[PDB]
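A single chain, nothing else alongside it, follows as structure tokens in the form deposited in one PDB entry.
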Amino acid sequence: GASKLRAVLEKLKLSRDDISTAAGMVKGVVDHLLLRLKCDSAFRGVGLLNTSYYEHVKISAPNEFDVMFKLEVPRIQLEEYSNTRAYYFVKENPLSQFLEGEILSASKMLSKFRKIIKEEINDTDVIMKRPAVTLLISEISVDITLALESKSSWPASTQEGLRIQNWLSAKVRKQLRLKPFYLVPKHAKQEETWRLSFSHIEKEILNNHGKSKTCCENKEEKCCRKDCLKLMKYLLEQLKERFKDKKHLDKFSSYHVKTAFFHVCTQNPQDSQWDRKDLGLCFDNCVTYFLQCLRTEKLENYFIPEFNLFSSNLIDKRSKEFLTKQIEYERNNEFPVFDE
């Protein structure tokens, strides 16, 4: 049972350690691009969220890197687009070079951003492909996202989200909410909107994830929260590949998995509910919660609970039924897709 899941986790771990050289090459290109973006008046304030130089969206693709370059906005003014809760318009300004009226243009900023990188990479066989920019290094992928940074308090749409109060405590929720939030240019299908991003909060939670501060720092306190998440992400990625030729799994992403996972951490706040010896049942409970979300068509954003990731306006019912059928098959046959 769990021995099979553990074998999967061991090969997933080994596959992601052998990236030393690649990681170096990414750091090199990133340092180059940030130094050069800074030569422009608009981008002098660019920088890495944390001096973490990279992340991986797909657990099964260690050669595919993801980085975010952030840019601080001194006094940002947000205005909600069409009642979406997650999509906003952004309103002596080093970005006045891109204001189309009182609105900051996602199209203008990205065009300049893409030009500097294209030019800077024309100076290691690196090619640009049109996540603002995707770079192909040698024949290593690097996705670069541009985000605005705001140190103002979080938008009211997040007021009832991040319900980690019975898990990570009320004190942590307050401290987390004093941190900046980010905006990424993103078409609200309108093209000039920006989407809220709390990716940096999710990272701090996953790496400081127990009620006990010493959770996973000793043998007595080993939990399987991170193992369960990894197994859920790998499940989706493998199914997305088998049917990459079909349209049914195109709208599903690792964001859906993480959101469902955080919701189960809220439901199961005690470390004793995530004991490593119970990897099998904990995983099965995470799969079951995710399936319940697919059948009832409900997956609330962890930070914005009024935004339903699984509504019929985003993903049709047939796609959710197809995914449900595939995961249920895998669950009843001890996940053969893991071995494929």
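Numbering follows the first chain given and starts at 1. Note that the rigid core is defined as the largest set of C-alphas that superpose within 1.5 Å between two forms. What changes on going to the form deposited in another entry:
When the two forms are overlaid on the rigid core, CA displacement between these two forms of 2 Å or more is confined, within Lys211, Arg177, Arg195, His248, to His248. Taking the rigid core as fixed, one finds a CA shift for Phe283 smaller than 2 Å between these two forms. In the core-superposed comparison between these two forms, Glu297 has its Cα shifted by at least 2 Å.
After superposition on the rigid core, displacement of the C-alpha of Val57 between these two forms amounts to 2 Å or more.
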The other form holds:
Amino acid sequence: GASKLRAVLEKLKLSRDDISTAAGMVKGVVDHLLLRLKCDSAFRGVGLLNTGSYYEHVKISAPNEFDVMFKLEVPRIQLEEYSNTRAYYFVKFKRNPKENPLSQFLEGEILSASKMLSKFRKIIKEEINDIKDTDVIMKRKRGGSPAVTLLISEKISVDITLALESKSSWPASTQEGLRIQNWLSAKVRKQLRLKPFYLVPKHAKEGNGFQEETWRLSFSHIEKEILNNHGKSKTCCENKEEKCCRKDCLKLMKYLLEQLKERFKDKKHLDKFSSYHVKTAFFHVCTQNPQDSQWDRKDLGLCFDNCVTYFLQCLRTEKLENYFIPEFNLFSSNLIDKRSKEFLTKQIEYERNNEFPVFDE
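The form deposited in another entry is what I need now, so please give it after the form deposited in one PDB entry.
Only one chain is given; partner chains and other molecules are left out.
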């Protein structure tokens, strides 16, 4: 039962050495690139964004795949929303106080996402050869993705995303997002919405191409902020009396998708699904279940089934709201095709009705 799930979780622990030394390798490379990007006129204000819930600059998103975010302070920034997509925006500036560093990537009033992403790639690619200490190479895509992808010693992959940092009020499309009021308090929502926010150069799907001057709102850095301060009680998991299973349910949810994605590797039906989809549904279940008593460590198997059922429902209805932007459907037909969503529903349906045989040893 939940005995199986506690055992899954015990075995996940055993591979923390591998992820930790992998993440140190990523940390090295990342620091070297940060040194050089700072040499450039355009990126001298660049720095690493603290996003990871265990490792500072390195978020883990797959067994051998890491996510790192470089942030760039871009002051006096004005947002024009692309075609009511809610998540995708054109970036302009307020005036010409004094000509800014980034003016090389302007096109009229608009800052091109692809033009700035392109000089980002060039600087990384030139630095990727020089330090022979470790063999790292670049990988393909560059299509409707903000990520520049390195492969380190042929095993470890790291996605590097440029992120404009805006200190302004969050845009209106997030007005009704981050619905933590009943869980973490209205006071905590007010403070989190005072933190900055980010724009990453992911490009909207237009027709069968991309609109590659659009940026996408990013709130990745809020995750650590809630994962590690996750209870209704400020002292949740700080003493032996308040031990919940919120973190273990998220760990189990990610592992479930990882295993399923590994098993349907033959015909790639599940390519488009990622741990981001699982985190989003998880935090939506923390919203439905706001009391620390709804996540007692003794109830692990039922809290897990709460998470799998909500995820299942999102797949069946083809609707998973962006946690920060409610009108942005992570599961729209535009983003994931209808056959894939159907495919995962059948598999997660099956796993759940059979007490997760994918977890068997």
